[PDB]
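Visitor: The residues making up each chain are set out below.
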Amino acid sequence: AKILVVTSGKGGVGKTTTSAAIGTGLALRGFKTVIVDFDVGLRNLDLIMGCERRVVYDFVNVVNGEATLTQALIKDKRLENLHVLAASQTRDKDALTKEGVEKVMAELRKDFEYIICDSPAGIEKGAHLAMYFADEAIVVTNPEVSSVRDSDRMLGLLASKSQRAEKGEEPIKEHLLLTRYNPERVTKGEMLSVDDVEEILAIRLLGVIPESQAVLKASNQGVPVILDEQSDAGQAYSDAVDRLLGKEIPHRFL
Amino acid sequence: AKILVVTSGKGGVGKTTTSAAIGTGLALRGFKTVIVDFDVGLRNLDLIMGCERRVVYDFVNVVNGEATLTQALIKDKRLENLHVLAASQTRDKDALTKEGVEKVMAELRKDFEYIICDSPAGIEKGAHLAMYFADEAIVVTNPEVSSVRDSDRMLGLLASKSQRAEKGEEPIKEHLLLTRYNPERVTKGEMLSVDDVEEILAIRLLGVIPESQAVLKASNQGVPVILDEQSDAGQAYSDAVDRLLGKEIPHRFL
Amino acid sequence: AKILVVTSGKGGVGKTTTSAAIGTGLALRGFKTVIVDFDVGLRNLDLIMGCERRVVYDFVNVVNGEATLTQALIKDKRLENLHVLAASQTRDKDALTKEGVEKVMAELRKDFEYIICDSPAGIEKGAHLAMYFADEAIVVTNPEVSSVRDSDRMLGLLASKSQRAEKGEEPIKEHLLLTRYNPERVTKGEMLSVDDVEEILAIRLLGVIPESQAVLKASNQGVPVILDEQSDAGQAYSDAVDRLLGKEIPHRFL
Amino acid sequence: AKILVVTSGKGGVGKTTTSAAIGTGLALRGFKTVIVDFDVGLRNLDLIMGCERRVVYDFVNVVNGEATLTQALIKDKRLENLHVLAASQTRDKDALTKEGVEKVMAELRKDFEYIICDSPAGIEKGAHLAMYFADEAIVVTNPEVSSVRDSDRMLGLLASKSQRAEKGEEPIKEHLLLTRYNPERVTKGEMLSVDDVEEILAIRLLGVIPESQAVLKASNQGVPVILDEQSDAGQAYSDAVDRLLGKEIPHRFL
Amino acid sequence: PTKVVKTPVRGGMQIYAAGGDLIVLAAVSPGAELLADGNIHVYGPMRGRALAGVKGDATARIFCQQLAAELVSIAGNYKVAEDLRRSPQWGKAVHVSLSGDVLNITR
Amino acid sequence: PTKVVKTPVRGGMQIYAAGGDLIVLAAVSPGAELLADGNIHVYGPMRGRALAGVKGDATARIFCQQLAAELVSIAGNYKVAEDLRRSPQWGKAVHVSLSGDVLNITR
Amino acid sequence: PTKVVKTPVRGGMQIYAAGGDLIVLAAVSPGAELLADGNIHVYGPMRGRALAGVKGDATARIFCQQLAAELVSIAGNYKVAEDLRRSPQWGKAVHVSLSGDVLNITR
Amino acid sequence: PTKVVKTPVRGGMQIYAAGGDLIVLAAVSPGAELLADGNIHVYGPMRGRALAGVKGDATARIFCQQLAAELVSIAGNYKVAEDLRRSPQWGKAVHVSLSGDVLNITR
Amino acid sequence: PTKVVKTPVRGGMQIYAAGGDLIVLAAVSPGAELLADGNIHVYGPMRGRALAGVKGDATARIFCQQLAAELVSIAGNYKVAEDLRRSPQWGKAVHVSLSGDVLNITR
Ligand SMILES: Nc1ncnc2c1ncn2[C@@H]1O[C@H](COP(=O)(O)OP(=O)(O)OP(=O)(O)O)[C@@H](O)[C@H]1O
Ligand SMILES: Nc1ncnc2c1ncn2[C@@H]1O[C@H](COP(=O)(O)OP(=O)(O)OP(=O)(O)O)[C@@H](O)[C@H]1O
Ligand SMILES: Nc1ncnc2c1ncn2[C@@H]1O[C@H](COP(=O)(O)OP(=O)(O)OP(=O)(O)O)[C@@H](O)[C@H]1O
Ligand SMILES: Nc1ncnc2c1ncn2[C@@H]1O[C@H](COP(=O)(O)OP(=O)(O)OP(=O)(O)O)[C@@H](O)[C@H]1O
Ligand SMILES: [Mg+2]
Ligand SMILES: [Mg+2]
Ligand SMILES: [Mg+2]
Ligand SMILES: [Mg+2]
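Chains as they are written, first to last, in PDB author numbering: chain C, 2 to 255; chain D, 2 to 255; chain V, 2 to 255; chain U, 2 to 255; chain H, 156 to 262; chain B, 156 to 262; chain A, 156 to 262; chain F, 156 to 262; chain E, 156 to 262.
By construction, these hints were calculated from the structure, which means they are not laboratory data. Ideal Cβ positions, reconstructed from N, Cα and C, are used throughout, including at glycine. Mixed in with the good hints, there may be bad ones.
[What the hints assert, rightly or not] Label pairs and their in silico Cβ distance ranges: (1) H:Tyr233 - D:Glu199: 55 to 65 Å; (2) E:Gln244 - D:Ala215: 32 to 42 Å; (3) E:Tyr233 - F:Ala248: 20 to 30 Å; (4) F:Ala248 - E:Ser254: 22 to 32 Å; (5) V:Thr71 - C:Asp95: 53 to 63 Å.
Please model the entire structure based on the sequences and the hints provided.
Guide: Structure below.
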């Protein structure tokens with residue numbers, strides 16, 4: 002019912018990590034969720050969802066009609082509310098039409114509660130189709146001068162190039178999320194603080210996720226990091242999903 | 002005369018960091034160099050080249066003919082062999098034709114010795130035009146399972162989708178470069194070693210660049226990190242530039 | 002309905018590790034399972050089940066009647082068929098009556114399909130109450146001369162000291178399981194092979210579980226090792242659970 | 002004259018290995034020593050002392066009076082100061098009274114200098130009688146989260162449940178000994194370091210004994226590992242006995 | 156009539172200040188439990204179970220220098236470590252009090 | 156009419172032997188797909204998708220020196236990497252064949 | 156048009172794949188000879204004579220799982236078992252190819 | 156006739172072993188210079204200038220436990236700290252020797 | 156007058172620097188013995204017998220990069236390998252010196 006896209010503009014900020022984390026966090030809460038890997042030809046989401054060996058059909062098959070949406074969705078083993086529509090490696094991002102992705106968004110919206118769209122990097126056509134049919138958007142930002150500038154270009158593209166911008170509905174509800182935030186390096190002054198990003202971008206923070214070795218360990222064993230509750234980042238990911246559902250929480254780990 | 006593109010596929014690995022470093026390393030050697038930011042609409046190179054206040058005309062002005070190539074090139078202040086053709090923020094990556102970028106590469110090849118092409122992330126049209134007219138290609142890789150898979154997709158596109166592949170000349174000479182390599186995390190096993198990347202990708206390493214706080218400190222003050230020779234990364238960047246020029250050097254900092 | 006005890010005799014062979022693994026393996030299959038930590042006063046199961054922060058009431062509260070069986074059972078967060086009845090640290094193993102544990106086993110058998118009994122070490126009263134009401138018994142063995150002698154003493158106590166031995170029903174169905182089997186040390190001759198244990202103990206192997214760093218890594222993060230399917234031990238634990246359910250599988254990792 | 006018990010709580014940490022090692026190390030120094038296997042019914046000490054073929058009478062015979070203490074003690078062949086009172090396999094740990102073991106401790110204290118008591122695992126009655134008449138206690142610990150928690154329960158039982166605690170003498174002098182310590186795995190973070198155990202338990206380390214293949218080889222040929230001085234563990238065992246006799250030595254092999 | 160415990164309160168141990176307060180000036184290992192029908196002051200790293208006001212007194216309090224308890228409970232209203240880690244002031248100097256029927260966690 | 160591929164078949168690549176067999180003498184990186192309507196011989200470490208007998212032939216075969224495929228499929232009957240790891244001969248020299256309607260995995 | 160031999164190719168027998176490849180999925184006894192003008196794939200223990208590319212094709216190849224042939228020859232350039240035993244890869248998975256005018260023995 | 160220096164050789168200091176060897180068992184602070192017409196052994200962290208074989212001897216040697224010198228020179232052929240950082244064995248146990256006309260840096 | 160030995164000093168061999176120092180730049184096999192009445196510097200893995208200051212000089216020193224000697228002795232006061240293995244700095248860069256009447260083992 003609610004299509005929210007994880008986007009950034011600047012590559013490598015952690016979109017897939019956040020997409021898998023928030024996609025699992027909303028399935029633990031109980032909502033029947035799907036995550037759509039939109040990085041066609043350069044797939045990455047099924048690798049850190051631990052779903053890479055079960056993939057038979059992918060995102061570009063459903064568009065071209067070589068399989069159905071029930072044939073391509075991968076039910077998880079640990080969660081029953083979580084499904085993943087992984088992408089291909091052969092065909093690149095021109096093999097996704099705006100019309101073909103519209104059909105998949107329609108019948109995904111009938112069955113599921115939350116649709117998480119792991120956008121690829123940049124401001125090009127693969128990053129535009131993830132943006133397009135979205136209702137909300139989480140913008141991922143590193144606390145650094147480049148990633149705030151290039152995440153600012155993105156918030157202006159979730160206000161003009163959307164579908165709710167060309168059809169005149171209410172605009173996309175935007176959310177900011179600082180990833181791989183190093184609290185020790187913001188006191189040395191070589192990173193932006195949590196309030197400089199809240200001032201330059203001038204929106205409400207969904208949360209601040211610290212630098213963690215648990216993030217690389219979790220993707221190395223196939224699990225999202227919100228299913229690792231002993232660490233600091235897994236806590237910080239599991240509060241940002243509550244802040245998605247209105248429940249205001251004071252930020253920690255800073 | 003020698004167009005080499007810095008590419009990766011996986012975003013955020015350090016392409017702009019490597020592009021500014023290798024472009025400066027070749028100007029310190031004496032070669033009259035230019036660096037072209039190909040990330041049109043999401044520019045980042047002039048920010049870490051320290052040239053952001055001097056930009057008047059950019060890459061997309063030269064293409065559309067709103068300025069000449071001498072009106073847009075920015076001579077450095079610290080180096081005389083180094084020039085920067087920065088990109089825009091207004092117009093995105095569809096405003097670059099294959100024919101319009103063909104003309105700029107033609108008259109750049111008459112004046113300059115080395116052309117460094119800071120590729121954007123992905124396998125889309127902005128990453129294809131940087132790939133196209135290239136003679137060599139440095140592929141940037143983080144020592145992690147995801148960044149090796151997506152740097153593997155890239156080497157198969159620098160062998161088929163090039164200009165020397167559709168016209169049948171000798172193919173692009175490819176080089177591998179591990180960036181933000183953490184020697185301490187490869188012994189804990191959560192990153193790939195220097196030989197796992199040399200085995201899976203199966204090419205010759207241009208070098209291995211350690212994790213450093215000097216890289217974020219240098220881009221925060223406007224300087225490339227190869228102009229910071231006291232650090233560990235500045236050393237390792239200045240040896241990969243010798244390895245580009247045939248001089249074989251034993252790898253350090255591992 | 003089927004009470005099976007994980008026992009050994011020789012301490013430290015991996016009873017708790019096997020108990021949490023086989024108890025989770027049967028919940029992934031779909032059977033509504035409970036695991037009872039019988040090591041009262043020296044509890045370890047909730048620590049590697051990841052349930053240590055949710056424990057309010059334990060095994061010795063249900064016995065003394067300080068709580069009900071629904072007030073003490075801990076539903077898992079990742080599995081819905083898996084519940085844990087943890088033990089205490091204050092009161093030691095004399096606070097368990099044969100009559101008090103008889104009542105808890107009675108009303109556990111009404112609700113659950115599989116009851117896994119994490120036996121403490123030795124041949125004393127805490128190891129006798131787990132043995133007593135059992136229907137099957139997995140004996141855990143290290144491939145070493147000492148751990149086979151003391152797993153041999155155990156099979157003679159699951160044939161005489163049981164409840165189905167003093168009441169004359171069919172005896173306890175016993176199963177052998179080699180844990181932390183090192184395939185490289187059995188060729189140097191300093192450990193027993195898979196056939197020496199099958200000859201001296203003279204029963205059918207449920208499986209052979211290799212030496213793995215994944216077992217200590219999983220208990221350090223709160224997860225059972227059968228929920229880590231990338232490793233070698235997680236595979237070998239999930240085949241012994243199929244061998245518990247009749248499905249014969251050829252042994253691997255030897 | 003000095004009854005010291007080797008205990009742990011957590012089974013399999015290496016109590017018998019340490020008991021045989023420290024029992025031989027104090028006989029090499031010259032003290033007339035005896036080692037009492039207290040694991041009645043699940044005997045293990047005579048197997049790794051190499052004394053298993055010479056056993057005629059055992060620990061439970063001396064208690065019941067079926068033999069004398071000179072008929073049951075096994076003088077070693079390699080040492081003249083070392084004797085072993087092995088245990089039975091038939092009768093389990095209820096066949097040891099507190100009063101019957103008191104008589105054997107009395108006439109052992111008249112003839113011998115050091116009495117080493119290899120405690121069985123757990124916090125039950127067999128582990129209580131080894132604890133009871135002790136003057137000092139070596140607590141064995143693996144550098145792991147479970148073995149430190151369950152060795153902490155043990156230090157609180159050597160302060161309240163002793164004989165010098167119910168009769169009000171000076172309490173049992175406690176000593177900590179980390180066994181099968183893997184120095185390589187404490188840098189990966191999956192084991193506790195030597196200082197985390199010195200902090201959580203908060204006592205003085207008797208020594209740190211590395212992980213060694215020499216330990217399994219020595220028990221496979223019948224010899225204690227302190228009689229194997231070429232290895233790393235045999236060194237580390239022969240320094241812990243000097244640290245028992247006041248001579249402070251800097252810890253090695255870490 | 157204020158019992159002072161100057162030794163480490165190791166796991167499995169239980170200390171019962173029967174009349175009033177209980178002051179623990181050492182580290183309380185996980186599994187230990189400190190219960191008293193007055194207040195409880197723990198001036199070390201507490202990792203055990205603090206049970207204040209056990210014989211019916213909703214005015215008792217728990218004071219820790221480092222909040223890492225497995226359970227805190229005043230007069231019966233408990234709060235396990237699972238939902239205490241979720242709040243801030245975990246590992247911080249904390250002051251637990253019973254307001255009517257809910258526990259409070261101050262800094 | 157037996158197409159030989161002597162280079163590394165990198166991820167994202169697809170090789171299509173249109174007439175008959177396909178011999179791959181190098182490593183096939185994960186994400187690559189090799190499809191041929193005859194047999195497929197992989198004499199390197201295969202980590203991609205092998206699709207033999209694609210145009211309706213239940214007598215095609217797959218031979219790998221090291222079975223690490225993401226998917227193997229003869230004439231339509233596939234077998235993903237998830238249940239191939241469960242059997243033995245994972246990472247072993249393997250020979251895949253279609254017996255009627257099920258895939259076989261020989262050593 | 157790729158002849159598959161699933162039976163043991165006993166001594167004295169000769170199999171002639173006349174058009175292209177030849178796949179032998181069984182053991183080839185000493186004295187047997189397998190000759191084909193395409194490639195030869197032997198997935199058993201070969202102890203006979205493999206003769207690849209017999210009608211003039213220097214791009215044929217021989218693949219054995221266990222190199223124990225009495226003779227290997229591509230397009231006429233042979234190599235008897237006497238000097239094959241001297242090299243390594245005897246009894247090993249081997250890959251024979253004709254480079255210009257000499258035979259190669261890869262592993 | 157082997158002069159031993161057991162104190163820290165602070166900056167600005169100069170030590171001159173006039174006859175033969177020079178052994179320095181302490182740290183040589185940056186700016187210090189140690190010159191001897193025999194060998195130079197530095198068993199501390201050297202950060203100064205080592206000048207071995209100063210009176211014409213191409214067989215002198217420098218041994219440092221930690222190579223951090225500002226300059227090393229045997230019989231006149233020097234090597235400043237700028238190009239010593241570029242090679243490996245910077246901060247490593249090193250052994251400097253003059254082969255004909257160039258300096259060598261062993262580990 | 157500082158004898159340099161650049162070859163491996165094999166077992167059974169004895170090198171005698173008669174005037175002063177002795178530098179051995181290779182591995183000294185067990186059973187070899189190096190004796191000199193000045194200092195001894197061994198920049199390889201020493202496993203033999205080092206005998207410093209043999210003609211009465213309590214100011215001699217032994218320096219090894221890897222302490223694995225069977226015997227070290229300055230001016231007569233020895234220390235066999237049995238009690239050297241017991242100390243730390245076995246296999247470590249070590250510096251032996253005679254303080255009055257006892258040997259010292261520094262790192
Ligand atoms: N909170 C964090 N702390 C530490 N490291 C992180 C965190 N989030 C992500 N990372 C690391 O940063 C890298 C970013 O990769 P990721 O695939 O998440 O980027 P992305 O959002 O997908 O961008 P792209 O699509 O260009 O790859 C990963 O290798 C991950 O391990
Ligand atoms: N060798 C290194 N060590 C430590 N950090 C590094 C290194 N190289 C780059 N980084 C950091 O990683 C981040 C990568 O940003 P950068 O702009 O270089 O990526 P990129 O190659 O441009 O990829 P993209 O074009 O998608 O942004 C930067 O913030 C930089 O500070
Ligand atoms: N298959 C395995 N491979 C490697 N290590 C293992 C394996 N199984 C268990 N271990 C390790 O051995 C130790 C045994 O501890 P565990 O608590 O499992 O023993 P147990 O069966 O509970 O015996 P006890 O009840 O006496 O502690 C653990 O530290 C665990 O990390
Ligand atoms: N320092 C060590 N390094 C490597 N392995 C060890 C070490 N100490 C013990 N072990 C191994 O661990 C196992 C522990 O067995 P041991 O009988 O010593 O345990 P324990 O102290 O007697 O406990 P339990 O009484 O429950 O058996 C033995 O098989 C031994 O080979
Ligand atoms: Mg991504
Ligand atoms: Mg860039
Ligand atoms: Mg247990
Ligand atoms: Mg024992």
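Visitor: All the hints need checking, so say for each whether the structure fits it.
Guide: Taking the hints in turn, this is what the structure says about them:
Distance hint check: the CB atoms of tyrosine 233 (chain H) and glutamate 199 (chain D) are about 57 Å apart, consistent with the given range 55 to 65 Å. Under the hint 32 to 42 Å, the C-beta atoms of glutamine 244 (chain E) and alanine 215 (chain D), about 36 Å apart, fit the expected range. Remark: the range hint 20 to 30 Å for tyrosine 233 (chain E) to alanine 248 (chain F) is upheld by a beta-carbon distance near 27 Å. A C-beta distance of roughly 25 Å is found between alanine 248 (chain F) and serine 254 (chain E), which places it inside the suggested range of 22 to 32 Å.
A C-beta distance of roughly 57 Å is found between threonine 71 (chain V) and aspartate 95 (chain C), which places it inside the suggested range of 53 to 63 Å.
In the structure shown, no violation is registered for any of the earlier numbered hints.
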